[PDB]
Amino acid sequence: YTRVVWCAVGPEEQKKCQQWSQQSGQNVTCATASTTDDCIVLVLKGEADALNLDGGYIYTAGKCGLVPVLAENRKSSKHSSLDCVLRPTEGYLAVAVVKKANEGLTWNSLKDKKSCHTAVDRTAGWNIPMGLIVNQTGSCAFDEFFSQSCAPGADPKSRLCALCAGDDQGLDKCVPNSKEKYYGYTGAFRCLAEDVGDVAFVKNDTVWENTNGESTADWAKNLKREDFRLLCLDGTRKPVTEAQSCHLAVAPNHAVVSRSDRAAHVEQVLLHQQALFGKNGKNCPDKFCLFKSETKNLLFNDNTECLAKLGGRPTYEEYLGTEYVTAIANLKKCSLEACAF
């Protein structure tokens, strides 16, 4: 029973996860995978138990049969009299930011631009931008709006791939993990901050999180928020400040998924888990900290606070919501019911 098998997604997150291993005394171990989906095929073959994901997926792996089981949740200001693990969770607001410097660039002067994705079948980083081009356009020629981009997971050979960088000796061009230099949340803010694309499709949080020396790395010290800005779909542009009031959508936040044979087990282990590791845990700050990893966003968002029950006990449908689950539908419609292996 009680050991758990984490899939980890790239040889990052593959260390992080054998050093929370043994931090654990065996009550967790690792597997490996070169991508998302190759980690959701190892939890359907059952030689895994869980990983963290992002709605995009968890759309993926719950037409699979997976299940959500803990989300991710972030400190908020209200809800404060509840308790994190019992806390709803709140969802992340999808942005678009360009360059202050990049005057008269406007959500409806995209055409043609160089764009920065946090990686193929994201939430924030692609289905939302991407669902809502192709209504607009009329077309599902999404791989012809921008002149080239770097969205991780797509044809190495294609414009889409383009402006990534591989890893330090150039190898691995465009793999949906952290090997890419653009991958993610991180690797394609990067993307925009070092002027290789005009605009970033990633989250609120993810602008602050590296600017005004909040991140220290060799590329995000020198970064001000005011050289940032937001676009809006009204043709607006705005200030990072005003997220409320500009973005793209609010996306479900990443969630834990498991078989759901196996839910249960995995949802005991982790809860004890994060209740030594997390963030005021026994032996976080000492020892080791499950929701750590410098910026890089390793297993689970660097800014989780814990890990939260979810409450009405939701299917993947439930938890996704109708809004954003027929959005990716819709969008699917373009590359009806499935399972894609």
Contents of the next structure:
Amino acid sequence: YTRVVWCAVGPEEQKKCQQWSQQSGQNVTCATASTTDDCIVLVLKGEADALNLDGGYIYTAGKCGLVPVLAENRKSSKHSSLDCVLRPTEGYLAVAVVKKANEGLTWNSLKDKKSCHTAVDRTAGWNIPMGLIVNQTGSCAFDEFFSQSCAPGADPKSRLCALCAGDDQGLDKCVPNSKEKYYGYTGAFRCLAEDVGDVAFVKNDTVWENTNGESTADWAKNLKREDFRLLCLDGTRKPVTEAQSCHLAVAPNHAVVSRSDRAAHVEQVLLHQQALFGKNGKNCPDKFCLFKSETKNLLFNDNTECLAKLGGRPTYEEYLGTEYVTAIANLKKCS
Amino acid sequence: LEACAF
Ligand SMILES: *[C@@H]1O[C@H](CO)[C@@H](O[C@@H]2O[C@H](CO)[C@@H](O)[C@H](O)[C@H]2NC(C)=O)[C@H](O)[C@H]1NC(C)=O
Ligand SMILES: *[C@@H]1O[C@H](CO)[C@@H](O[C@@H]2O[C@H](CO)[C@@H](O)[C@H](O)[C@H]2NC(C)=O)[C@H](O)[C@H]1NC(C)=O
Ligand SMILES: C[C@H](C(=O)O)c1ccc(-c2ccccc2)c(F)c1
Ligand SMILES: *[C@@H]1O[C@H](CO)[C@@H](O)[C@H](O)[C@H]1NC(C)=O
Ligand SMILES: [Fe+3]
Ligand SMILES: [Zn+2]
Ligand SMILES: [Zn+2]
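Now the other one: the form solved in complex with its partner chain, given that the block above is the form deposited without its partner chain.
To see the whole picture, the full complex is given below, headed by that same chain.
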């Protein structure tokens, strides 16, 4: 067998990967890049084997030949006798969240407001809301829709990065990795919690996981669910308990990708690594927990229960689903 | 619609 070389995006993920690599006796080792696209390039060159990706990045990786290997599976809404690794994945709900105190903000009054996005090219933070907005406005000018935004990955001098804050020192503003204070699901929800933006494009779980004491982090520790609303597409506002009926889309779960020729080896190594370090793993919490990172969703989402086998050896188009692939392709016609 | 971005 061979070692599997994981790709970590940014220095926080690198730190976690190095701990995993130490704990796994170098069965896993780490390459690191500054952005998820750069990690996808390391994997295409064969200088890393694999990483776990949002669906929008699975699209970029899959057009370049990489394939899905195992998917994140979080706690499921319905009981099941099935082992987590054999349970079919239930996507997540992309939502638009605002503060309840920002009265009269709805889907239909988003123009000229301030927005918080996980990063350009991600499912809930960008592809689903910007795809809907281009469609509804009949215009590709999505870069002038919101007055200002934090959309990590966009041009840092542009209005799409004006709300981004970078790192402690204020460097790396708008970079699409965990150093940008408003990156990712928890960064974009923080951008709304702090009232830097009027709306955040995240998923349902983000709201729940960072409110009502679910997070002990300083910016989150006082947030109350009842102070947030979701924006529904018919122009109504609902409590965040109502995401099943007030979402923008259902997104395919994040998943691990690799080159075809290393997919079977990556899959075998990962099933053994989660047996050691996953939820109820032999060495978690004592030694190392692969699906924890103090809410920061480093390498994998912290709500992951396991990585699960995929049905039907799917292509990346089959894993994303034709509807979503066609929505992304439409959106990318713009730029 | 078509090729790899890289
Ligand atoms: C929205 O997200 C939350 C957080 O993941 C979901 O609440 C969890 O649901 C599972 C069961 O599906 C519970 O057993 C967990 O305890 C819940 N977590 C928290 C923090 O309360 C909620 O079900 C999701 N809503 C929708 C419509 O999917
Ligand atoms: C944006 O609008 C386009 C045009 O309708 C959507 O593309 C269609 O999606 C449906 C449902 O999957 C297909 O039956 C059509 O073939 C697609 N049309 C075209 C011209 O490609 C797209 O789904 C919309 N985007 C979002 C995010 O909803
Ligand atoms: C395979 C993937 C996943 O969650 O792992 C996935 C998830 C959800 C869908 C899906 C598409 C439209 C409506 C509801 C679900 C889909 F086509 C693919
Ligand atoms: C390293 O992997 C090999 C082959 O699967 C195995 O014999 C060994 O137990 C693994 N150890 C860890 C700590 O991941
Ligand atoms: Fe996502
Ligand atoms: Zn729906
Ligand atoms: Zn198939």
